[PDB]
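Construct the entire structure; sequences and hints are all you get.
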Amino acid sequence: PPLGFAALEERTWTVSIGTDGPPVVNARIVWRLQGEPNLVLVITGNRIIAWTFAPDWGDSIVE
Amino acid sequence: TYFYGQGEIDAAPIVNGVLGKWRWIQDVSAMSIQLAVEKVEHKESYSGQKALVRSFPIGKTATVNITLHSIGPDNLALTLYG
Amino acid sequence: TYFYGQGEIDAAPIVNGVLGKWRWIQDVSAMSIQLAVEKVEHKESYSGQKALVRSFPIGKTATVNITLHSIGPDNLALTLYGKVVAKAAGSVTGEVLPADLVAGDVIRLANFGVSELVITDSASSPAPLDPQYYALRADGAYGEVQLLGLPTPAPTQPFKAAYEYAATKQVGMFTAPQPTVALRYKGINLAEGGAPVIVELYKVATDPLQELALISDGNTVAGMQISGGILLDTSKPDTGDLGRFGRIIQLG
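Heads up: the protein sequence lines correspond to chains A, B and C, in order.
Every letter in the first sequence is one number past the one before it in full-length UniProt numbering, and letter 1, counting from 1, is 127.
Every letter in the second sequence is one number past the one before it in full-length UniProt numbering, and letter 81, counting from 1, is 85.
Every letter in the third sequence is one number past the one before it in full-length UniProt numbering, and letter 81, counting from 1, is 85.
Partial list, derived from the structure: chain B residues whose beta carbon lies under 7 Å from chain A:
{"id": "1", "residue": "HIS46"}
{"id": "2", "residue": "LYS47"}
{"id": "3", "residue": "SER49"}
For the record, the hints were derived by calculation from the structure and aren't laboratory data.
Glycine included, C-beta positions come from ideal geometry on N, C-alpha and C.
Now the structure itself:
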């Protein structure tokens, strides 16, 4: 996290979101710096797993 | 690359898993071996043709039939559970 | 426009979807293809007859039956769910025969095609037994050795047998997974002066042999019948007119 920013320099990080975690994404990342009020980056969402099994259909599927 | 077989058959009784002494079963007229396999089939429906797409075997068995014309006491014991 | 087909058949195993090396399936006596379709019917009732009015096919399957007369190890592997094993010819030096041996007993060797059989007597001074005291049934085709007699001064009972065995090919039972083989038939149609005709089956799953008469009676060559279902290949184009089960080509 400790990172010196050069003047007139933009540093674009790569926010990689994984596939493992709680089903509810309740995150509050804080970008705290001296002489500046806290600028918290809040990430919210949900984690889900998809059903990737092809079911046999010799018997009719009932909806 | 063609088969028309004649010959001899020998058997060894198995007791408690230890090999016995082999003996001739005397004249034999017919021997056949049959294989049976049970399969469970998987199908896919994307084509609309409702046809088979995969099959994997589940059962595996084999049976042997033997026709012997010998009424010798040893063969009688083998066949009559005697 | 008439058909009376004779020809050959080629099969290529499918191992994880990659095409294998085609091989001839040797002589074949009968090939049949059966198609089965299941249908669901809709019946009107406005005419007072309740007769069938409409029907759309829902099922679709094809079965192929082949009768081959070849007992080649490759065909045995393809039909018995086995894999071929090759044993190179060699020699043995220290096989031990069963003890308590007397005249009339039969000894069996672990290898076939035995020749130059020598039985050395167990003693401080080796003394190979005389050949006339034993015989080889079936010219050593099974290592079956019969004792003709023993010298009056009964030698040491345990024996040490040495000989040479020939190479052989073996096929196990149910030792391989369900083969998936594409079939290409090469029927020549005699009814049209020997007009070439082609039949290709992209994916076929075979069924193990139903019967095998080791000892046959009559003047009929032993027959091997194999049943298989033509699966639906998912690699070929769907809109392609060539289909996904098979196709037939007739030059003209």
